[PDB]
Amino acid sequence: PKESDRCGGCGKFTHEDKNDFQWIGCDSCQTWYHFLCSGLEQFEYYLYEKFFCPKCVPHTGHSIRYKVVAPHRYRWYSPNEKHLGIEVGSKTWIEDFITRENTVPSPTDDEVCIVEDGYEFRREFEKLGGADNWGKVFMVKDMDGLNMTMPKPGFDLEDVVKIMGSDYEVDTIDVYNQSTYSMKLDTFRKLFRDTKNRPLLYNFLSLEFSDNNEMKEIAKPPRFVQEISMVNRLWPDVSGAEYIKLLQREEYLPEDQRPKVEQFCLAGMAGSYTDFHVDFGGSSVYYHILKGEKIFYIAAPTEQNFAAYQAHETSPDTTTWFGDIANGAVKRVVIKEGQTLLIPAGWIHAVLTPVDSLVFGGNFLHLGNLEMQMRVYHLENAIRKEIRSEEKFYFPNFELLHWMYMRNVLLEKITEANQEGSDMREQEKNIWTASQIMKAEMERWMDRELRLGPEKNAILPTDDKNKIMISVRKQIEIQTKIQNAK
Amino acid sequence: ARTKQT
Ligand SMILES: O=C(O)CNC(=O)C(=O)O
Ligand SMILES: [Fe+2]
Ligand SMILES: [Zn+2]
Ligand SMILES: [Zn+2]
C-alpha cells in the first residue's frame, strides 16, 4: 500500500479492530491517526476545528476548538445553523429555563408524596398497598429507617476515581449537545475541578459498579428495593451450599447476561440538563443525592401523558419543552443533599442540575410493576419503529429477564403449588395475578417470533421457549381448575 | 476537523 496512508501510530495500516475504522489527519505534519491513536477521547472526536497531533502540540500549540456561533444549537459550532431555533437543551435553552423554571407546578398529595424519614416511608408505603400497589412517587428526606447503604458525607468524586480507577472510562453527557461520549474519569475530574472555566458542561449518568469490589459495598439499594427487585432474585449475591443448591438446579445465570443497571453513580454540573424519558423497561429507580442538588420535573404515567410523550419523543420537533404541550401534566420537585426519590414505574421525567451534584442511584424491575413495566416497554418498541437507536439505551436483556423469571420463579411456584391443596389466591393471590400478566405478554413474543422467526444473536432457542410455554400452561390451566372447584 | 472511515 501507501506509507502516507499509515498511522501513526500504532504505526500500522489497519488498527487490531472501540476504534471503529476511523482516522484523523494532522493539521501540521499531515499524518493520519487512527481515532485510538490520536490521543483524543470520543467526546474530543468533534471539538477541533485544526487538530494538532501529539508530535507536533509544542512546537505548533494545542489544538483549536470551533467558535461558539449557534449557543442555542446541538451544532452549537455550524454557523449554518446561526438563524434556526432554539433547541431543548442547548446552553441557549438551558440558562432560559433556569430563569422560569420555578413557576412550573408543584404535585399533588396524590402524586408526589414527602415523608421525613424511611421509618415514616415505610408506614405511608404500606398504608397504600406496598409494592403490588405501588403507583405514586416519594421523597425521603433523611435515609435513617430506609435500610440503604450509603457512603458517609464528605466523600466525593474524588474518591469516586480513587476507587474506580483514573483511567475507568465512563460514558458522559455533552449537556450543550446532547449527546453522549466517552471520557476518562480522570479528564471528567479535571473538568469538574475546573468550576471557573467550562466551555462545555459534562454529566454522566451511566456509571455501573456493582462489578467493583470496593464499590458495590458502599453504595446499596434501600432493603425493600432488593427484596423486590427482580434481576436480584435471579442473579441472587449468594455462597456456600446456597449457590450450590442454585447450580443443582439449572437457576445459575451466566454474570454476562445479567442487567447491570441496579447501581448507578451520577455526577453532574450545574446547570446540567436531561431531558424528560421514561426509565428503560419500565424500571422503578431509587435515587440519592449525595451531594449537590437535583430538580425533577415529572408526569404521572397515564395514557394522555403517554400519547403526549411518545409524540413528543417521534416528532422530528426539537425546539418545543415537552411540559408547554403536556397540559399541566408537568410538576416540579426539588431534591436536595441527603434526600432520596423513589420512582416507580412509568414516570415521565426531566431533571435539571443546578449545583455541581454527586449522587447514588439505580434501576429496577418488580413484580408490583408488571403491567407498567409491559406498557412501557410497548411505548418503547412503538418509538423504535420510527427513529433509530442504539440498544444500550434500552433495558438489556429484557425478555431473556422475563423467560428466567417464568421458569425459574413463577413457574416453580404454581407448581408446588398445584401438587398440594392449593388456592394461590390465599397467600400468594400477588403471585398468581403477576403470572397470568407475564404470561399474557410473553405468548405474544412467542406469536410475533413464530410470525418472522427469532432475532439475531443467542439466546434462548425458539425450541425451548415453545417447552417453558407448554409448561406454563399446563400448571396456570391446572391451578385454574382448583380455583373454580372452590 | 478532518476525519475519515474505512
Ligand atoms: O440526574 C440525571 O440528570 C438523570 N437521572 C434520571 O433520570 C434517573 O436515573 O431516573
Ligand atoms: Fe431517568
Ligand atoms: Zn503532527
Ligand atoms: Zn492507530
The other form holds:
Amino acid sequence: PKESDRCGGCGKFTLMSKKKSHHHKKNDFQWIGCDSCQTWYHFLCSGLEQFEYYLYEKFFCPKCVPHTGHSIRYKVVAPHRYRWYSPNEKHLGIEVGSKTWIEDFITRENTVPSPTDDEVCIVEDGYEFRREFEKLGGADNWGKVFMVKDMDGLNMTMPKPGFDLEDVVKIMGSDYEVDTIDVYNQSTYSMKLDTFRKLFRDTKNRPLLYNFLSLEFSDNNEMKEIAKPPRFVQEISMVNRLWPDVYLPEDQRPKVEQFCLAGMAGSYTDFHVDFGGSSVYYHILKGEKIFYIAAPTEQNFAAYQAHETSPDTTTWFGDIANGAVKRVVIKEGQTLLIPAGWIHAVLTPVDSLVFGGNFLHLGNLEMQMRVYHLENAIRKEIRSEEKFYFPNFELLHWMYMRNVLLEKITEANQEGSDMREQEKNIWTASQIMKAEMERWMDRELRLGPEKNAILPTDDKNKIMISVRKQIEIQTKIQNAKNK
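Could I have the structure of this protein in the form solved without the partner chain, to go alongside the form solved in complex with the partner chain above?
Next up is only this chain, free of partner chains and other molecules.
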C-alpha cells in the first residue's frame, strides 16, 4: 500500500525445459516497505529472492538488518493449508501436501499395497533388467515399471557416490537459478542454487521444505558428461534420434532428458502423469523415494482426470482410486524405469539427490498420444496453466514423421519391399502416428494454428501429402503378395 514515492533500490517512483517460476514474475514489481526505515522497495529490488516475497510479515531492508536483525516471518497459523500464514483459513480442512497432511501421511503411507508382478518388476542389476525387459518383448512392448537394484549392466553413466550438492553448485555455478517447489505452499519459486544449498545443509531449521523441480543440465558441458540416460534409453529416445549429440535448430530441441533433482526429507509431490506421456529413468544417487503408482488403464485415467479438475484439495487420489494405487520404495543406488502413462505421486522420506530424465519413444506411441489427449482435456477444464507440458510435442512428431518414418517407407517403396518382413514396427508406428497427425491437421483447418506452432501449415500439408502417398504405395506393395 504505497504512494507516488520512490523505490530505495532502483530509485524509481510508482520454454524448452521444465520451468514454472516465470509465471508470477508479476510480483517482482509489487512493493514491500521496510518496517524500520520505512523506505519502499520493488520486491525485485528489495534483495529478497522470489521464494521469500511472501514469507515476511515484518520486512527489514538490507540497510536495517545490521541493527534490526532479520525480517520476521508470518506465524504458521494454519499448518494444514497451503496459505499457512492465513488466520481466515485456520478452520478449513487439511489440504494434501500441507505440513499437517504430510506428517499424517507418513504414519499411514506404508499401509499402501505393494504392486503386482504384472505392474512392477524388481531385478538385482542391469544385466537381469535387460533379460527381463527382453522376455517381455523389449522396448516396443514396454509396459511395466522396473526397479533395478544395482546399475551394473545398465550402461548408465552416473557420478560416483559422494558426489553431492556442493559438486552441483560448483559445476552449475553458485548463482544459477533453479525452480524450486515450496512444498508446504505447493507452489514454485526461483531460488539461487547456492541458497538452496544453504537451506539444504541446515538440517536443524526447516520451517518450509524445498525440493527442486528440474535442473536440466544437458547444455552444461561438464554436467552433461557426468550423468546420462541408460544406453537403451538413448537408443529409443525420439528426441535423441532427431537431435543427435552435437539439422533441426538446437533452440527447438525439447530439453528434458537430463535433470537433477534434490529434495528435503518430508517432501511430497502429488499425483501426475509425466508430460507428453513420456517415460522416465530415475537413479537415486543419495537418499530414498517412495513412489505411489497406478497403471494407465482407461478407467484410472478417467478417475485421475476427475481428481484433477475437481476443485477439491483435501482428498488423496489414492483414497478414491478403487485400490489401483501401489507403493514402491526406491533406495539409494537404485534405479527406476517408468514407461508411458503411469500415474504417480512421490514421497521423499529422506534428504535426497537424484538424476533422471524424460523421453518419448515409438514403442509407447499410442500411450503417449492418449496422455496427450488427457492433458488437452484437463487444460480445457481448468485454467491452471502453471502446468508444464512436453515442449514442442507436435513439432517433434512432424520432424520424426518427415526425417525418420517417411524416409524409411519411401526407401522400402523404391526397392519394392514389403515392410512387414523386416520393418513391421516402423510400419505400424507410422500409421498410428499418421492417423493422430491427420486429427491435428483437421483441427488446424477448423480453428487455425496454435499460438505457438513453429512449423508453417504449408510445410505440414506438404509432409502430410508425401506421407499419404508413400503409405498408399506401400499398402499396394503389400496387397500385391495376394492371389
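Just so we're on the same page, rigid core means the largest C-alpha set that superposes within 1.5 Å between forms. Numbering follows the first chain given and starts at 1.
Among the candidates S422, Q436, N430, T60, displacement between these two forms reaches 2 angstroms at the C-alpha for one position only, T60 (superposition on the rigid core).
For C29, a C-alpha deviation of 2 angstroms or more is recorded between these two forms after rigid-core alignment.
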